[PDB]
Amino acid sequence: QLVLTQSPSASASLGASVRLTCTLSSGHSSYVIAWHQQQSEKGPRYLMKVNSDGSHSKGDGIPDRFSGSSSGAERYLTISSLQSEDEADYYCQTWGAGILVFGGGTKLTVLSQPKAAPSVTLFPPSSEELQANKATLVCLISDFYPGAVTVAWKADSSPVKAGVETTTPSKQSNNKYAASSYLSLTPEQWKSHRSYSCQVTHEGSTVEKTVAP
Amino acid sequence: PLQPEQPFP
Amino acid sequence: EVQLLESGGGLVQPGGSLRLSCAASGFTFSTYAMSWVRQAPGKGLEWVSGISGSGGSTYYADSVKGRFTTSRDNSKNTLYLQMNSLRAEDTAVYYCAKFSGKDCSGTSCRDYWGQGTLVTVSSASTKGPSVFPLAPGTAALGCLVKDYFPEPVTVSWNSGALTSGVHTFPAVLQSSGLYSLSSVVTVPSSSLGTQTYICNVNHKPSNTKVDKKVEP
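Protein chains in written order, with the working numbering: chain P, 1 to 213; chain Y, 1 to 9; chain U, 1 to 216.
Quick caveat, the hints were computed from the structure, so don't treat them as lab data.
Hints are supplied without guarantee of correctness; some may be wrong.
As the list claims (entries may be wrong) - With a Cα cut of at most 30 Å, we get these calculated DSS-like pairs of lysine-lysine: (1) P:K176 to U:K212; (2) P:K107 to P:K176; (3) U:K102 to P:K171.
With the hints as constraints, model all of the structure from the sequences given.
Right, dumping it as structure tokens:
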């Protein structure tokens, strides 16, 4: 059966080069494959085709940094001078009789990127939502790298865990990460305490913002 | 085998 | 150049039906076979179907055979995918795509993708969002888009006139099963009394369109 084998992940350093490998199952060693790039929350982008003599048919605007090559049943995509934007999922794809076949995709991580402290904005419940007999605290976290944070909410000083919903960080167009945390309260609790706080912790350092009625 | 020119002729 | 634009995605009950369209432009539609590819959340690309340039031959992955149908109209330059007997695991973004094969031999050997459209197969029903303002050298203000299902929600500011400083955050999926997101804009602290700020929230699955004014 026609199968394409890709490792799930790959990594290399900023400014360095990386080689991604797609292997055809035995008996299809002469087949043409295509490389497709998919950045997070985007649709795929065709890069090029690679047959046994290497060769290409690069898509529009594909950088020279991107190139393809071939050896036996293996097909390669090489990206030199890696940039943050090169972090993506890379799929190889081929076809047979009346079928298309995709590899499982390889997630490329570009190492050695600059650390960035999170920017944090904290909003209190809107007036309109309090006359709707609800109350939401909104903590917006952006421009941080790497993409991992822990959030801590405090009713004054006592920490509060109930009513917390927090996203997984995702990479924004500025190539830094964003996330947000929501604290649900009764309008009673919002008015009872002298303040509430959102503490974001990123690489051992904590940024805190606070709001009060 | 050999791959056809086109998967969906 | 080539353009492929999907439409018709949305929320469907299990066992229900839905038809997707793909409007194509920039090439002679009938000279190329057209494909459907889908992607379940957090999973890889999965081939769904292909159809010959003439429309004379259709091809399906086993995962959809006997339930999905593909067709095309070579005067409207449109590709179709008709889904019946939908299942929860058919939930995915569905991409329209054009794969060239071996001819071609330069730029004609390129492949092309559409933008995708989201199909949700679930017994959960639609819910429109409630929208709340977020007040107040620069100031930050935004809109809270609370308790909706399913994705997506679009947010603009002043009907497209305000684009710089705008950051619309990814939605949180609450344990209730409903989404919430926020869209924030950074503005000079001087135009706060001069400039008017309205967020335009639109949630197509529920026909919800909200314009919310944000004041200090």
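Verification of the hints:
no., hint, result
1, P:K176 to U:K212, "holds, 29 Å"
2, P:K107 to P:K176, "holds, 17 Å"
3, U:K102 to P:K171, "violated, 36 Å"
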